[PDB]
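Take a look at this single chain in structure tokens; it is the form deposited without the ligand.
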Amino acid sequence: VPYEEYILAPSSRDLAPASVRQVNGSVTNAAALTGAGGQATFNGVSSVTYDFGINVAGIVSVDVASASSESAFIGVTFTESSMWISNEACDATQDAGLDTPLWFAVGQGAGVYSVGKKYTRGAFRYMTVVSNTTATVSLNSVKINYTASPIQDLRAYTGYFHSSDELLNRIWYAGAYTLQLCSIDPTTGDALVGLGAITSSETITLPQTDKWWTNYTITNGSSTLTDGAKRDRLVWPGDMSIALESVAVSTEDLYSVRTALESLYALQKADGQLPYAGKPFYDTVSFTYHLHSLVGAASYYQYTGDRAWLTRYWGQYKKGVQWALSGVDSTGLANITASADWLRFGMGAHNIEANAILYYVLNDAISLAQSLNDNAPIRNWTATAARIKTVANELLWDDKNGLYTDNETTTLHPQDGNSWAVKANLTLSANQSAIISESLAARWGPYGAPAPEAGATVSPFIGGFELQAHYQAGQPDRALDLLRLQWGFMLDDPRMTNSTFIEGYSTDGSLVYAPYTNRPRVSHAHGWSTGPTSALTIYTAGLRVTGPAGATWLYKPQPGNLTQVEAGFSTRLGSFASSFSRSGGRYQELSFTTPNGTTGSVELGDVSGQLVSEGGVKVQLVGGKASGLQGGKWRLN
């Protein structure tokens, strides 16, 4: 309800394109297919590329009025980015080649032509209607059944964010909408229908095209969160380590997260190994992604407060923790023998990123075990955790460059490892964390923060963890600067979609993703690139869930130089909201709402005064902090 005007999601599921972008050949009244009136008559070989304004998804229907020849055809091509607009092909989903247009033999007669959900286009902003025959074809409409997020009201958000910075607001809502697009009907999964047949080492020529379909049921239930709407349309655990919290503070569609998580845990091996991806992707060993599955279960319990779910899955979670701990060696660090990660290079040995994620997982597991009163596993865990810290900063810390090396035998400093080490509290001091934040920011290029472990690549995925690291190191304006630089490029570059966020690109500002050779296959709607949504709600607005469903919370707004911030979301316990206005580095007004029955703490920084409750309770701030605050509405006096 609040700030609904920023919500990108369509107001219906019956969608005509918004505007005509380009016309080729004799075409009468192309604007008719935008709902502007009349019918559109294609006279011979012709085409019209239409623009929807935003990235959309679903099932195309061609309403034909007449066709002069029995051999007439109408084709439809789709593309996320405008650089792959073509009257001959879509953009790519497979490892090599462009996808074939959807061809309708409309030479029969009048009626609506469709091939249903088997050929759902998972994501596209531009749609080209093509007549490749000398026939005259009149069409009444070409519309889309919008099938992204199938069991929800697309414009009924439970979270919101609005600041004095309009770019930040648009970035928040673009992340939320991206997540909506990646929630699919589970019966239309697996866009990689050519896995095994089409590989990177191949060439599909200009007249050659890839066939595509969507008919693998990837989860149970009626909705699930995938990595990318166009592609892979599969469940990936690492992507959830950014996507879950951004879903939780905007749409609250944690049911799709839950189906994805359950499908992943259903693939656990007897020894506890969790999968690299959901079915039918290759059974692959990946340390880090197994740990991401553990992270995801922990965060799901944190936001839903589902005791029954955690109880169902605690045995599997402990088995996974045991599997990961089996990699720890005499050193006290995990020695990673699997190279598979987020499509980066050099995963192995005493990798800083793997061990930081392990530290994070261990602390998650201890807090969960205390929630469940399962004290037995705690000891080992604590000890192991300590060792990681103690050894990771002795054998991996580079004091001269202010960052962690990737392992013991390299001078490379990975962005993911250092970001995660700050996010997991692997550093021995806040001063260290500030060094890491400063040194990461020192590496920014004209198009955002680099990930040297994956070559000349910018990763919005790792950008989300770096944002969190800048925040936890006490640098909110550094984080807002990275937001502006990287995500304003992702949102406002004319090749982007202006609604959804890219999977990754290159440091020179090109849309080359190094792991892929088929550049049209990069997805422009990946949930793992939506870090700013959760970051702006949690850190800028200061609404931090610290207990199940917000049973306990921390209010720590890190405003920086923003002069006005409003944000809010809900859990099954009630409403969280934060609202403040500043000027000259001081709060003019500050208020926040937390659900009843909850208790929390406050941390405003260098702020002195009283917090007044709705009833009238007054609490003095000591060092900008206060604890034991009872749930409700609070204002700063």
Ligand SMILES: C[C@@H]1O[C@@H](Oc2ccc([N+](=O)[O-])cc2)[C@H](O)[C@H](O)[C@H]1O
Given for the second form:
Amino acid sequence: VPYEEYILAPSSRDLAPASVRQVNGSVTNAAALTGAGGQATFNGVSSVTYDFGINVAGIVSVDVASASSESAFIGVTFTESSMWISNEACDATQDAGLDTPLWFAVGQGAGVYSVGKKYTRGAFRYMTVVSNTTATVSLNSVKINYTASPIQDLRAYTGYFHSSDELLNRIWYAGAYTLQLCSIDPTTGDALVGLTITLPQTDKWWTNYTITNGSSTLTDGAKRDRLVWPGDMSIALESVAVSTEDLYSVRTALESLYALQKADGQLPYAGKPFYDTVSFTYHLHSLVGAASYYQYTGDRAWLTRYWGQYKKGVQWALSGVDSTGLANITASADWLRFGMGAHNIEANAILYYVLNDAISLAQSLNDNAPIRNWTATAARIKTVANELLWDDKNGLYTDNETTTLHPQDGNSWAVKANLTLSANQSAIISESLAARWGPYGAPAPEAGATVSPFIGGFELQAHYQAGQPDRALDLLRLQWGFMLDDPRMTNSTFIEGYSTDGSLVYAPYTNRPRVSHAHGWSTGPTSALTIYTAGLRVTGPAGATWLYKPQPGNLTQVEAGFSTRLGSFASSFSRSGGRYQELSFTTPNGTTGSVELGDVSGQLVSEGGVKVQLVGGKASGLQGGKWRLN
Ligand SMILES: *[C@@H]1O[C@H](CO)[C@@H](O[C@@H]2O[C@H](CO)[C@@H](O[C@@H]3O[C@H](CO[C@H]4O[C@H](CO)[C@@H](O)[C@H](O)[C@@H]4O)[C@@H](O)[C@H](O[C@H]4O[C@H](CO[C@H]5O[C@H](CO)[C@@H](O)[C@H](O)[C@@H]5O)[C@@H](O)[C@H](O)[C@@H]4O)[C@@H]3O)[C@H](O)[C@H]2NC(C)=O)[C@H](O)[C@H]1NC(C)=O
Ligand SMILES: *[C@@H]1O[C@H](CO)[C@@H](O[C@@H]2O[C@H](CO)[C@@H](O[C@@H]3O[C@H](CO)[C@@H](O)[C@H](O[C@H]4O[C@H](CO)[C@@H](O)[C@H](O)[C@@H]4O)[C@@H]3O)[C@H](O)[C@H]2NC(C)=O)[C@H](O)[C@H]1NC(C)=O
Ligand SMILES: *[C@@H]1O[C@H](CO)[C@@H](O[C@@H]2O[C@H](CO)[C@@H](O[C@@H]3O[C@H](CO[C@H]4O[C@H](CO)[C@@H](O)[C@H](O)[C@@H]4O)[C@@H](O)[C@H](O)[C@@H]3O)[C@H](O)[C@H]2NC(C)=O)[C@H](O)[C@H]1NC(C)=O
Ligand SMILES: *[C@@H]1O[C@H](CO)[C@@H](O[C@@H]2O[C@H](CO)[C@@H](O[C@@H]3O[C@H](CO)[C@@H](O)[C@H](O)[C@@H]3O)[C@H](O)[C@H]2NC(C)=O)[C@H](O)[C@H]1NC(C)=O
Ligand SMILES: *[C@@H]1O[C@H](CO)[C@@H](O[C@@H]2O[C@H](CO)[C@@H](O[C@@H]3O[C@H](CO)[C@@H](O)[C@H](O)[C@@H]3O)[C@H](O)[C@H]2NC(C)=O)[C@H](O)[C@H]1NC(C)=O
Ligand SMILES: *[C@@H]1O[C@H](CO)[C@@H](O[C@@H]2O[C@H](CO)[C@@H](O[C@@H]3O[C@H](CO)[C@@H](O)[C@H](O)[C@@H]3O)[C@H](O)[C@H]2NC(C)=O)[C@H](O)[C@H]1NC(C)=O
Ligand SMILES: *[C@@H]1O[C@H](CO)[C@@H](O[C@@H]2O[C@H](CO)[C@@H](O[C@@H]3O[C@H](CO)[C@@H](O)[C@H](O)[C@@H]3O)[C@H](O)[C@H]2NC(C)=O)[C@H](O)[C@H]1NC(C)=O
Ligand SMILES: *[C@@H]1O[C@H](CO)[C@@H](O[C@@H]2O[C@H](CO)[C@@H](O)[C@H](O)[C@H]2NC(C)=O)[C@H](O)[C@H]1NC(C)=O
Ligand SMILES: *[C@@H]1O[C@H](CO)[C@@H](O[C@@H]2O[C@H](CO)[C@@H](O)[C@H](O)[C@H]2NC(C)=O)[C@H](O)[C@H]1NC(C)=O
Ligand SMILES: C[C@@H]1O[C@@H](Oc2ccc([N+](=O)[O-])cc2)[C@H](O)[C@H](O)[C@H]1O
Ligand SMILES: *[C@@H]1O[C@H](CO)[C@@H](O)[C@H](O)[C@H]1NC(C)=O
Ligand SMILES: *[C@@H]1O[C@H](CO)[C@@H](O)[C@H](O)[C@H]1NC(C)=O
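Same protein, different state: after the form deposited without the ligand, show the form solved in complex with the ligand.
What follows is the whole complex; the chain from before opens it.
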């Protein structure tokens, strides 16, 4: 396994805290609970906050060697961010109030106390052991069984990335570990058990809803929600594919979502047991997820199984396209952003992307009948979207035909999809989006004074696709170095969202501690750095066809790789002064692909010796194997 040192995931599922952060009261040998030899003696009312170093998850067990009064109690509290360390409560999961400590009456006697997976804590970095009674207790250990990525070898990555920019490397591996943390045992889902409260009052919590079929599944957030969400998949899937390659949790998630499709084709806002809600964009995201799951797995059986449902969902989306040629949205539910309605640039951009995905899929399946309608509809969406929604003055798309707001999501998606009329226009959008950056990242005005890493990943893809890799690297540094290195963060996983002023306030949530610090949809940098900076782009099922387009920017060394069922993809180059010194790549045998290197002239040689001339920095029909530039 390459670059194992960067993999954050624990080397054992039997975890003890790494270090002692704080001792309140009189506690002997607190470090005993960190693996150091000995026992920890809590003498009366006391507490100790321990730090795991990384975000972890699982079931706590308290090994009591001794207790005094039959009324002795040891509590355990958990939190992701250091902001919420308390001897009286955990961080929050519900729309209001903090969650209660797990209270183990150690007064009954010695032994190991635990409440099992019903009280799984999905994410926490700091753990507080609390002695709230005057009694003296002696504890041999307080440990956790790590229950994330439940059926995987945690450090057996199949993908890797390593650049000359160490901050980027750490961002990549933090995103991978975030995704590992969001993959859970499906029987421990739904942290929103409650679907007004002050610190004295604590909220009961439990994880005992089976959200999907199978033995593993990828949810939106480790601590919460622990439901399946289609929108997050639009980043989570590709970031999983190039790192752990645990597409099984993605598949169970997607299958659970499709099991809930309605007779009109409408796909769910979220998996069970969330309220039945109509969301144009999230139905579309279910379609995007199916398409990209086929793209990376190449599972023809699975695609055949679900093609009828996919076409029904496409038709449900197309039922909204009106006389204008654009979709007229009547469902405000989206990524928790406001103002979702009417002729949204984001909805129609996702729709264009979806229609092109569907055309590609139907050509792969030789289902030519729906192709003409889909192609014509997509072309009309493009035309009328640029006629009615393009603001040439401000260089952005507006949210709809009757507003002055230019959204980050809509413009990002309009660049990611080929909705722009020209490459020049994509460049204008990239520049205008970058001009809005604040001291803490890219803003999403459609959701108020919010910075959304979710939308930040799509902005990254836009910047890369406009010809601005270094703009995207600057956004990576500015935003994700904040999410990684801010002292309030976790330094291992990525946050769900925050505010433009640098506060961890997330506008839709009044309960600030319920903001989860481990969300898969914030892992855009992993797939972005692998696909765009390193240049390894799958363009066919499981990599049957591919495209090598490294966009190094001002990077001097870049090495990356991942795997599919066809074989191993690898990229490696070193530059200086705007010229490649070395460039090599590997693709699975039997595949054919193309290369776009830029203002690079010379010849590519195969392992056999086949020589191909770069014409405009390009090449075509290239067989699979180890190729090098001379
Ligand atoms: C600390 O936490 C860890 C979390 O990982 C616990 O370990 C896990 O325990 C579960 C218990 O079932 C194991 O699940 C089983 O996994 C089988 C495949 O295992 C794969 O991963 C291994 C990783 O090393 C690997 O070595 C192995 O070769 C293989 O690749 C899987 O075939 C089993 O299938 C059962 O479940 C299917 C899903 O439906 C069921 O879902 C729940 C599961 O909880 C169940 O309650 C429900 O009733 C459903 O039946 C089902 O379709 C099948 O018919 C079959 O019943 C099963 O999922 C998991 O592998 C363990 N992971 C690791 C890494 O060990 C660990 O136990 C815990 N500590 C303690 C002390 O308990
Ligand atoms: C996940 O965990 C939650 C708890 O955190 C759990 O919810 C609890 O479920 C139990 C059932 O397993 C509930 O207990 C029942 O509540 C009903 C309604 O109050 C009562 O009628 C039940 O009485 C039983 O016994 C009676 C005779 O004494 C019978 O007449 C009657 O028919 C019943 O057989 C029993 O008290 C409990 O109220 C809830 N609590 C909460 C807070 O939800 C949930 O079931 C778990 N989900 C799983 C495991 O899938
Ligand atoms: C065309 O696009 C325009 C630009 O997006 C749309 O106008 C937007 O409409 C929305 C919805 O009214 C406004 O959203 C704002 O939301 C905040 C917060 O409200 C939310 O949160 C509070 C709690 O804080 C909760 O109580 C609410 O129920 C919401 O869930 C409010 O403070 C604002 O007053 C407002 O409601 C946008 O501000 C608004 N933008 C602009 C520029 O007008 C327009 O709706 C679209 N066209 C159509 C036909 O829908
Ligand atoms: C240390 O913490 C434990 C765990 O919370 C405490 O045990 C708890 O004691 C309270 C006492 O009121 C119990 O609350 C409930 O009170 C109502 C009356 O308002 C009563 O009807 C309920 O039956 C219950 O007694 C709570 O259930 C109990 N928790 C457990 C798990 O037993 C303990 O008292 C604390 N010790 C000190 C010294 O603070
Ligand atoms: C081919 O694709 C087009 C989309 O470009 C589909 O046309 C659209 O179909 C929906 C219903 O599926 C129409 O919505 C309906 O509009 C009428 C008004 O005429 C309204 O009374 C209904 O209640 C409903 O809202 C939509 O207007 C229509 N748009 C256009 C431009 O035709 C068409 O269904 C697809 N055909 C096939 C065979 O897939
Ligand atoms: C993304 O969209 C751009 C346009 O916004 C596409 O480039 C355009 O491609 C069309 C054809 O797909 C060109 O229009 C026509 O091409 C035919 C040949 O097929 C020619 O006979 C006509 O005279 C006309 O030129 C158009 O010139 C071209 N424009 C530019 C600026 O490139 C691009 O292909 C799209 N990319 C993807 C991946 O979909
Ligand atoms: C936040 O995370 C970073 C890593 O992403 C932590 O910094 C890292 O700290 C380790 C030590 O725990 C450094 O490696 C060690 O170097 C020592 C020599 O001093 C050696 O004996 C060890 O075997 C190990 O190689 C690592 O270089 C360093 N990396 C960076 C980029 O700082 C940091 O401690 C974390 N901070 C918090 C508050 O969690
Ligand atoms: C140990 O006591 C300290 C107080 O010195 C606790 O820290 C406080 O935490 C609250 C949040 O619950 C903050 O609002 C306060 O600002 C903190 N105190 C100070 C002086 O800044 C800490 O939570 C306690 N830790 C344990 C494990 O009991
Ligand atoms: C887009 O959809 C909206 C509803 O989501 C339509 O709004 C209605 O338009 C009719 C026009 O005759 C008005 O009489 C109604 O009062 C409008 N609704 C409301 C709640 O006021 C709108 O017409 C649609 N536009 C297009 C072009 O299809
Ligand atoms: C649109 C979705 O919003 C969030 O889902 C939640 C739904 C309800 C509540 N709640 O009311 O507790 C909290 C979160 C979550 O970020 C998902 O990733 C995102 O796709
Ligand atoms: C998983 O599937 C079984 C039957 O195969 C079903 O009983 C169970 O409810 C399912 N769990 C879900 C859909 O979360
Ligand atoms: C590196 O940054 C400089 C700006 O200092 C820019 O001019 C140059 O184009 C960048 N290099 C590449 C390969 O884009």
